[PDB]
Amino acid sequence: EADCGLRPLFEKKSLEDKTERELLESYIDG
Amino acid sequence: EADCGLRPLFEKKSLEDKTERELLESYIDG
Amino acid sequence: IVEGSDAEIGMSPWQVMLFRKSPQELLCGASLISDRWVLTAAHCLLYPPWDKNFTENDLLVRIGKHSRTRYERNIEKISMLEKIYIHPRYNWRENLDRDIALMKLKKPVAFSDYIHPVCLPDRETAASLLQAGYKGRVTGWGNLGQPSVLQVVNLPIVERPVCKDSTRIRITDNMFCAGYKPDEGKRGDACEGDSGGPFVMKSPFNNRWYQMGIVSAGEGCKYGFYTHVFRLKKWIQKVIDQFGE
Amino acid sequence: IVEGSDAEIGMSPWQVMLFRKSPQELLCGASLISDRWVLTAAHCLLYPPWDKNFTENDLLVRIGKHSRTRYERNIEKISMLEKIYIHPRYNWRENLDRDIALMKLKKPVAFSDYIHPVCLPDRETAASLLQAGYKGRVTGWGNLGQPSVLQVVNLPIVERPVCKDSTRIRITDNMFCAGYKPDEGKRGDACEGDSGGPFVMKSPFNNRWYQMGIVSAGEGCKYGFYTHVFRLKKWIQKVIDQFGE
Ligand SMILES: *[C@@H]1O[C@H](CO)[C@@H](O)[C@H](O)[C@H]1NC(C)=O
Ligand SMILES: *[C@@H]1O[C@H](CO)[C@@H](O)[C@H](O)[C@H]1NC(C)=O
Ligand SMILES: [Zn+2]
Ligand SMILES: [Zn+2]
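Here the protein sequences line up with chains A, B, C and D, keeping their order. Heads up, the first sequence is in UniProt numbering, so the first residue is 333 and it goes up one at a time. Heads up, the second sequence is in UniProt numbering, so the first residue is 333 and it goes up one at a time. In case it helps, UniProt numbering puts the third sequence at residues 364 to 507, 518 to 594, 599 to 622. In case it helps, UniProt numbering puts the fourth sequence at residues 364 to 507, 518 to 594, 599 to 622.
To be clear, the hints were calculated from the coordinates, so they are not data collected in a lab.
List of simulated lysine-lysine pairs, DSS-like, C-alpha gap at most 30 Å: (1) D:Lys-469 x C:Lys-615; (2) D:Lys-467 x B:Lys-344; (3) D:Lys-469 x C:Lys-469.
If we take Cβ atoms under 7 Å as the criterion, some of the chain C residues that face chain B in the derived model are: (4) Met-374; (5) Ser-397; (6) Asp-476; (7) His-479; (8) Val-481; (9) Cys-482; (10) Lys-498; (11) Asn-527; (12) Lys-575; (13) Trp-582.
The beta-carbon is built from N, C-alpha and C at its ideal position, and this holds for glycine as well.
Based on the provided sequences and hints, a complete structural model is requested.
Structure follows, in structure tokens:
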């Protein structure tokens, strides 16, 4: 609704899962 | 939230309370 | 509500009877906006002078009621509060600047023909219906003199220059005022006990009822002030979006 | 989920195991967006060819689970559905045009470190992250071969011209597709049973997870299609705003 898409064990915990980096490797403009 | 401010016994029932007209008497621009 | 009259059933279903735990006593008013979000006046909850340090445990509310005394069974709804939230820059000291509060509920609440929330006003809606010569409806249980059922009076919104001269307190812009001029002979004003309750207007546009204010200080038993809900909307949405889970 | 890997705990807490009533059998996938709103694929519910006329009574869902077999006690959450809503112009006949559905829940649902919803995408978010050369994450329980826990594979979004040539079905614009080219040697695609489940992307901007699609037809066990959630957002908001009480 408004606090959505922030997993309480990760992005509220300031952590990152095994493979979420992998995703971010494949973006960024130029 | 989104269905708000529509009393189920009136504006959904197509009815009007005793004195809601009274209010509408006191608006309308010009 | 003085020189009022009886509401018929489900005429303000966003009404909420803010009713302290021990002993068994009606407090202010309040209003339902979401299915977990009651809107009320802070000096109900917070006000050093009359010992008022009301915490979340200490009060329940009663939603979807006509009679003050009795109990409607399976009609009305008994609700606890999971959290209160007074406005941060709330000035009890001087002129009840930002007299406004929010109370999250324990459980959520199912809707009915007798319980239902009110719409909060948007841009058009608030600089269109707030006006010189326009009325809204303040609904409330306080004195007459006591009303066996929920009252409902309609009062007219007093011009900026006029509230000012008539009263002793410095009115901010985060309030407006309403009540009849002695001029006519329509007496009518929120009595004390009707604090925290909804000033409402029926939009001519979408046929929707909107809270524009909250009985800040009715007096009645001069012009009744109200906190200018719209001019503190930005606050509400910060609180709702952030907590409310 | 083929050539997948094990999710750690609370890595997709908006995951929902759409699990038919009698007998006891995993169905598709689904996704949690509000605290009463599960998002899934229609051919889970509606699809004449495999006898599929699934009504609101006939299915429950399971929210905030890792293992497929077992039961986590006081961790997960057993939920019924108060109403289904297939998309009005939904084309089972040809190319699963608008393969999308919504399922209101009986009661509401409290959130936890293991249950939580996902964000639906706005303007910027959907014409920024949908792209050539970008990946999202399809999470799912279907075959290997069976996974004792929830799987999670990350797949890359196949260029408009390429899905088209590779497949036999006419793709509408209310879908996109993803899966690895045979070129590399990364195999990986949604298997069948993972239908209805969330394609997700982590916004680099707000660090927010967004559903862009829904496993329309994974196949796996070629490129997996997905319904283009964003291009059918307007629909979702019509259904949520109007019912959902
Ligand atoms: C109310 O009481 C609490 C603790 O009992 C205290 O922290 C707080 O300072 C008091 N608030 C006011 C406004 O007096
Ligand atoms: C599913 O069954 C119901 C009644 O059992 C019927 O009204 C409806 O036409 C069927 N729907 C489809 C899509 O076949
Ligand atoms: Zn949360
Ligand atoms: Zn309603």
